[PDB]
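Novice: Okay, here's what each chain looks like letter by letter:
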Amino acid sequence: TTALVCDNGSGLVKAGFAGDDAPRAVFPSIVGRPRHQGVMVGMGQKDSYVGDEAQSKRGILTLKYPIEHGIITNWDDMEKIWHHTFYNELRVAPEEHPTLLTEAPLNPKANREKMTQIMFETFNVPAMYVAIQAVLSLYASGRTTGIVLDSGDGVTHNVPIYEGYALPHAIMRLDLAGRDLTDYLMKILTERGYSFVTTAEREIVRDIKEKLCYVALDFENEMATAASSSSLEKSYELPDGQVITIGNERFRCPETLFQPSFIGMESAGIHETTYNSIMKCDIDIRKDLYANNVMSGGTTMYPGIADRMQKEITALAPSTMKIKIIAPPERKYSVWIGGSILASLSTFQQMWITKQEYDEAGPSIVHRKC
Amino acid sequence: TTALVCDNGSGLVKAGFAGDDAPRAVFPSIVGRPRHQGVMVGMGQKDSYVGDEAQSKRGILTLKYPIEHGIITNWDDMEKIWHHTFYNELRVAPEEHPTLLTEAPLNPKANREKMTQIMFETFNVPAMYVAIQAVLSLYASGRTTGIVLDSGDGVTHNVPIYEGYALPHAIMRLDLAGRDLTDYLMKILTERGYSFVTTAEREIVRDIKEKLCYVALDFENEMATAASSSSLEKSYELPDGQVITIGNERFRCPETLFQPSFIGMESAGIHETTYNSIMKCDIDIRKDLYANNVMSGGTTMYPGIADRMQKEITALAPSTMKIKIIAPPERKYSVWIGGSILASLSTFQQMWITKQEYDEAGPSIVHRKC
Amino acid sequence: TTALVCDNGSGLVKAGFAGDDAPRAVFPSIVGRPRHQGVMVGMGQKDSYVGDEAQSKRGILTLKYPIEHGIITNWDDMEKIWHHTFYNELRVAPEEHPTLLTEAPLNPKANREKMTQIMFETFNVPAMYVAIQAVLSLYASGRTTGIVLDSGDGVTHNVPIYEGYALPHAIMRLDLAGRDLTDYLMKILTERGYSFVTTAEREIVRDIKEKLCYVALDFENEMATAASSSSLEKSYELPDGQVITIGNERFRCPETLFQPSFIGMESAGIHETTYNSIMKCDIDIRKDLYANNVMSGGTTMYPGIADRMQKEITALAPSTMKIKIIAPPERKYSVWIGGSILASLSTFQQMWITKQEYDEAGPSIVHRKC
Amino acid sequence: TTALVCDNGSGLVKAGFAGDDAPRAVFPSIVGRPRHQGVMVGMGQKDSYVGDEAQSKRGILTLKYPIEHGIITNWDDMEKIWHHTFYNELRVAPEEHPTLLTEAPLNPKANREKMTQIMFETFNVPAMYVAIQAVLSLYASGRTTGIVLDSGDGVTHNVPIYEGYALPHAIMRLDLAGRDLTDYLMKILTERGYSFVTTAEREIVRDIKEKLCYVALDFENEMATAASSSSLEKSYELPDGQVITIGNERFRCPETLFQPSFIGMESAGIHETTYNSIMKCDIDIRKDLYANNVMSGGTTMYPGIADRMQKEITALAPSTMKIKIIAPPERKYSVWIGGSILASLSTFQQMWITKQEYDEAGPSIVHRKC
Amino acid sequence: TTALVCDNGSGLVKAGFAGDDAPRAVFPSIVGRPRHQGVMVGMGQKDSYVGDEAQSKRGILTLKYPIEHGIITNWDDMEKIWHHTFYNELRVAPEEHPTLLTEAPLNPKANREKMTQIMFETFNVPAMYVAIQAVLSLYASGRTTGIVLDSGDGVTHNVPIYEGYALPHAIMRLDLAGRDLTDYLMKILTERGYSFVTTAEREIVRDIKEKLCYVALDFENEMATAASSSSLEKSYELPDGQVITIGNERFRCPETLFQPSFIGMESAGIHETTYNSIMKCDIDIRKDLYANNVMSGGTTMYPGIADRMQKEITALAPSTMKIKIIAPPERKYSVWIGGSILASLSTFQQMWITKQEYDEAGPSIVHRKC
Ligand SMILES: Nc1ncnc2c1ncn2[C@@H]1O[C@H](COP(=O)(O)OP(=O)(O)O)[C@@H](O)[C@H]1O
Ligand SMILES: Nc1ncnc2c1ncn2[C@@H]1O[C@H](COP(=O)(O)OP(=O)(O)O)[C@@H](O)[C@H]1O
Ligand SMILES: Nc1ncnc2c1ncn2[C@@H]1O[C@H](COP(=O)(O)OP(=O)(O)O)[C@@H](O)[C@H]1O
Ligand SMILES: Nc1ncnc2c1ncn2[C@@H]1O[C@H](COP(=O)(O)OP(=O)(O)O)[C@@H](O)[C@H]1O
Ligand SMILES: Nc1ncnc2c1ncn2[C@@H]1O[C@H](COP(=O)(O)OP(=O)(O)O)[C@@H](O)[C@H]1O
Ligand SMILES: [Mg+2]
Ligand SMILES: [Mg+2]
Ligand SMILES: [Mg+2]
Ligand SMILES: [Mg+2]
Ligand SMILES: [Mg+2]
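Protein chains in written order, with UniProt numbering: chain A, 7 to 376; chain B, 7 to 376; chain C, 7 to 376; chain D, 7 to 376; chain E, 7 to 376.
One should not assume that every hint holds.
As the list makes no split between identical chains, a pair holds if one copy fits it or if it spans any two.
Said to hold, decoys possible - In the SDA-like style, the derived pairs of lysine to any residue whose C-alpha atoms are separated by at most 25 Å in a straight line are: (1) 215 <-> 179; (2) 70 <-> 269; (3) 70 <-> 200; (4) 193 <-> 23; (5) 52 <-> 320; (6) 286 <-> 111; (7) 70 <-> 179; (8) 215 <-> 292; (9) 193 <-> 277; (10) 286 <-> 271; (11) 86 <-> 244; (12) 293 <-> 324; (13) 375 <-> 258; (14) 70 <-> 94.
I should point out that these hints are in silico values taken from the structure, not numbers from a laboratory.
Generate the whole structure from the sequences, applying the supplied hints.
Specialist: Here it is in structure tokens:
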């Protein structure tokens, strides 16, 4: 039996089989529930859709992300998303496959415990392991030395690792990801006239963010550039036909990451959380962690940040240490690639949580086995 | 025990049997009472002629539609029309058949209640189920994604259905139909010299509108084209012998549908209530509601309406969207065809409002069962 | 050079000068020809007597109204009547005076066009303006908010006006006026034993009606009262010398106005056309349209109509509403008084249809200038 | 001279003089354009009435609010409304008075820009300041620690303010106000039969809502109470005369505010947007934002709002937190009262936007000066 | 001239007059500045609140401790805290009283130099003296022989003293105090669900630690106890209103002090730094320093450490030596009590650094006078 690696994140579930380098199931993890009066007899109107189905039939559905800020808020639907992923998208009875879930660091223990309990008492997988959603990024990037920076529709990490030796006192978790970027974009668009309120329109705002937003390289100059028109404005055609021209509010949606005094948070940007994470590391380590800031996650796929993070940190690091921002052009999947790599290594077969061990020690065995 | 489907509109009562695709009884719903003095010791002149009887004997009678503007204002003759439809055209036993009445949306609740009470206390049918006259149009056209326009002689109402799920918050009932067009025609004919005042002549005006009126593809240019004489004139030979030539006032009788400012109605034409009923729907829905503008009812059988409708909508829809008016040539009975289809569904035979339920919980069961 | 105004009704043609409150010329618009054989070489035997000249010699002539039911059915005699009105009572030079014709609403456009053609090719008046016969009544009453009611020698029309904005969708024309009341009186008189068949007989019947008919305030009470002989009889003396006593049929003749079933007509009485015209108007209008039921024409001079109409309307109006029928004593000429008023206004002099405009644009200018 | 405070809302223009506590001119902000055919050459027919004039002459005009959902959609008539409310209402040259307009939060920048450009290049006022419509509500209620709910006829927005420091990241704009309540009422009346369609009838429906509609204290209980007849029935007498008995549909018109699932809107009621606006504030601030829920705007003058609101909030707030709702009896004008107070303060006397600054930098000054 | 004794720690400033036994001014040393958007004109919103004034209005402020790890990091705000203490909390003039500051041992010399330079060139006090924060603890305890252990919110340092002769080669300093304990509690709390990030919530975390944390006696036994739930759990009530059950992590927050391998530090616990400080003394001293382990500072006020530090030391010290932990109940204010005892002494009255000596010797006179 081959090992199943499902990067169950807070945005779109990225699941697939081990060994490969591309997940087979990439669908937004939303559970849609109809809200309008349904009047048609012969139709098989399913009472709750999930995934790309509930993404394409939006105009009837009240979408509901079952994971808010990395943690699982609503279980009864995340169970349905796992059901869909296992059966209707991969077609593999989970009783005959190991499982490799993931979990952002610094999350409640109830989350991980109940994830294990569900995966063992509803799907009865033979073995399940949950790795940190940011160590697999290094396992994929091939290194064993770099301050990872996860992101994307959920939380944001900074997990320094010197030589496969994570420093659990310098993981600077921050919940300022694409979801808050979207809830700020759909609030700055209003200043122009376009009003998106529902969830089916929040998805349109997220698509605008995806294929139209870039990170400035000097915000206080891009602003003054946006005074007299330029190549800033770029029309986008909503799924009903009308267009939108967003000139100013396209390098302010992802620049919240570097200035969180916009959406109201206090904690500094993702350029200063990395620096504080490094300054929480030893002196014989900083001088080399400065040289590989391996990125990850969706949110870090802007045509900006991959090259402004370097300037922001060079304005903070000593002028001698060499700064490098490893920006793999596949970082959107680096976490699952790392999961699939780690699940293949033979040295890892001792790491699974066999069903016998869970049965003998209850669900609270993960806190020691992972 | 087969089901009975009778779309008792404001004009022609269209009754028949389920499964089949042609209404058995298609006759106008009028109840005439003789007004003159009958002096004949043998002629058994019954005090009321109903339907085609009163349509054939018009010079002696006082025709009176029982259904005015969708609602029922005179019950003691609609009851007689139902009795006639059952016992003289279908020649059936009502207590041995389920009934499927219809009703335009946004009608008073008292109308539904008294309708079901009559059906359960004057014919004692085992189970009757009413339905919105728009859903049956999609049932007939074999769709689930349309925006209906059923406008038969009493009302007009665009009910947008996306995928089996009606959007009750964005329907546009309009109180202007073939009857108001007939009134406007018998009022615009006096402009030329032909005087029709009585009801037996109003029926002649309606028969003029039916066959000699058409919708101008460009009304403000047709008004100038028909100024200088052309092939615009026609000639309808009245049942008296004298012929009349309705030159210009034949694309002005159906142009009220698009400019209701003619008969004083402040509301918008049937081309703009559709656009508003769409722009009240969701953005992820407008794209494929713009594509299926299923038309129903009689008044939408003018020669040039399925084209001017598309023109007027394209004049105000987003320029990158595809518009298409699904106009099946057999639309005049499309409501009843959809009714016969719906009563012939396996999953539908539970929706009936059985006589047991009415005797158990009173006539107000319909408001919650339909 | 002042202007002229001739309310060319179907009966008495009222003509005069713009500014005075008295039509100089009043005479029945009857044109008659001798029908017997005349053998008197010396006597000045005319060829065709018109107006009062023909009214005063009936036993020899055969009278002919050119304006039947409001429309001009005969042109080569209405032209004679206009010529007589201009060259025997007013004696004016039509080339030196503008004329203000009148017309009832909802009349064929042939009347308008041929009236303009006659006035601009047979009298060469500088400027003619034809106005509706109800707006003039409101002018004469000096109001701006009333529901007019004009009737005489065959026409009846309620034109509701709120503040100069005449509602063109709520006018209620009706051919149930003095001419038809006379035709019913000369047919009910044959019941008692008096025979009137010819046109001189019709004139005698009209003179009977004008001074011996009144509108009953309670039809059934009156029929039950006059069934037992009382003081209801009123002896009239024909010019022959025979005396007749029209006991009962002196309120049954003007009762057709409120029960048009007598002449077989189907349309409602004038007490109900008014209420239907009001219920065709808007809700913010009805409240103060009920309070001005301004009447006009001759047939509204029956000694009991200004109160029976109020009773009948109050019977079917909202109970908390005020119905103040404005029936001034000088209503028989209200149309022409309003004509003289609105022709003597400062800002009206631009409204005329000058001869230049007709010469440059044809006789079809009325349909746009009126 | 003295400053002008004109709370140009989406309903009634509530304008007046600063320092006082009563707006001199409250009148609905509608622009009526007559639609019927106006034929009376005597009247001085003003072609565009505006305000209470166009509210008194409704049966003739086409009422058209120039502000749809807080934003100004039609400028060319809002300019006329400003012209009227200055000259024909307050009789003051605008060039000799400072102006204090208001504007709901989260509105397009174009709105403020064009508002300032009009106020400076059409009336040439010496100085104009525009402030958010909730800060003024706090100024009026005296506090500096509240979470406003100013919701009148077009918008609804909770602006939490802890100590003079607004939290811009926690405003909840919602377009579910009086206008949508009125539309839902004129759509729900059709349950019984009363059919209001035109704008002169939309005004009647609004006048029904604002005096016979109350908010239930337990909606599911009141629905069942209304089954068996009780004091729920109330009679309103239309301006036409006929009365209507709105039995059940009088606590369903304002219950939309707490279940916007009725108009199909997805966003939760105004009882949950307040709670979300608070749960977006800080932990030590919620303690005394839960205690001052200052209410404002028209739509919060229903009888049973200030109690069902508190019930709903205590139903989802911590059981040890004190929930108060400051509902001042003069809350209809509280925004204008706050405006007058604010313009009557020395520390604000320097915060105007003088004509000099606008002339020197253009209309784009407001974005930074307000 | 009476002596002013202000003990500027890194937590709560404890100032007051000499002679007494309780500081008159105890308030957290935090300079807060607003971070939100102030929208008010009347309010006097000061730009930087300092002290417990900046603790009531905590939801608006970015609290910034001006003393990080004993040393003074930011000076422009520490000057403000001194300003507040001297004027708005004691109402004394600085040039009217001798000042007695303090300083933890082994701190940068620039710190003390600029402290004196401020006290003499900004406040211009007559005479100022700065003494170590442990010999004052000994004065307060009334001895001249003891291994002081001062540990409050910042640094932790042992200063062994045999008989008035401090041994400056055994002052084991370690920065693992209350501030690091709070930054570790707000990180161990995340594992349970409660997420505190901002400084305003970090103060709530510190207030949790203050009145809910206790030191275990056998850490492993307590951990094994917390597995099978016991009465360990307590419910603290945030100012939000909700309650938190911190079961396990209430003896893991103050057990970092004895196992610094939790925050990743390497230096031994405070139970072993005292032992190494003693073993750095002489043989004829240890046998008596083992008996006077005078505690001090805030963080030594747990319901734990005393009866646990005694055990941990007896597990290290030789058997026949006698270990006694002098733990007075006022050890929170021990440093200031000792300062007030010292400043009121005769012999000490020659130790002051008068303004005279500082002038003709520079700010570097402290390095010989202290
Ligand atoms: N091409 C892109 N450019 C910028 N942002 C993107 C892009 N694609 C996705 N995103 C953002 O990143 C998120 C996906 O992050 P991802 O790492 O897949 O989440 P998860 O960790 O839950 O799988 C999306 O919600 C979107 O907001
Ligand atoms: N061939 C036709 N062309 C144009 N209009 C027609 C035609 N046939 C019927 N109509 C109009 O349609 C009306 C009948 O519509 P219908 O759908 O039967 O009404 P209902 O829904 O009340 O049954 C008639 O009153 C007539 O005005
Ligand atoms: N005193 C009267 N009482 C009753 N009816 C009268 C009286 N005088 C005239 N009439 C009726 O009024 C009619 C005259 O109306 P007329 O003024 O010609 O109408 P119009 O204004 O359309 O020309 C006559 O035919 C006659 O029947
Ligand atoms: N007495 C009342 N009771 C209930 N609702 C009212 C009352 N008066 C007004 N309203 C509603 O409030 C609206 C007026 O709100 P208002 O705050 O004046 O609007 P604006 O903010 O534009 O001035 C009206 O449209 C009406 O629907
Ligand atoms: N009752 C208490 N229980 C436990 N810890 C406390 C208590 N009171 C204060 N503390 C801790 O001690 C610190 C105060 O120590 P203190 O000696 O006053 O600091 P400083 O040396 O800066 O004056 C606080 O930050 C808090 O973490
Ligand atoms: Mg993640
Ligand atoms: Mg129909
Ligand atoms: Mg007339
Ligand atoms: Mg407002
Ligand atoms: Mg201390």
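Novice: The structure should be examined with respect to each hint, and the outcome stated for every one.
Specialist: Structure-based check of each hint:
no., hint, result
1, 215 <-> 179, "both (23 Å within a copy, 22 Å between copies)"
2, 70 <-> 269, "both (22 Å within a copy, 20 Å between copies)"
3, 70 <-> 200, "both (23 Å within a copy, 23 Å between copies)"
4, 193 <-> 23, "neither (39 Å within a copy, 35 Å between copies)"
5, 52 <-> 320, "neither (54 Å within a copy, 34 Å between copies)"
6, 286 <-> 111, "both (17 Å within a copy, 24 Å between copies)"
7, 70 <-> 179, "both (24 Å within a copy, 21 Å between copies)"
8, 215 <-> 292, "between (34 Å within a copy, 22 Å between copies)"
9, 193 <-> 277, "both (24 Å within a copy, 21 Å between copies)"
10, 286 <-> 271, "both (22 Å within a copy, 10 Å between copies)"
11, 86 <-> 244, "neither (30 Å within a copy, 35 Å between copies)"
12, 293 <-> 324, "within (10 Å within a copy, 44 Å between copies)"
13, 375 <-> 258, "between (42 Å within a copy, 21 Å between copies)"
14, 70 <-> 94, "within (20 Å within a copy, 53 Å between copies)"
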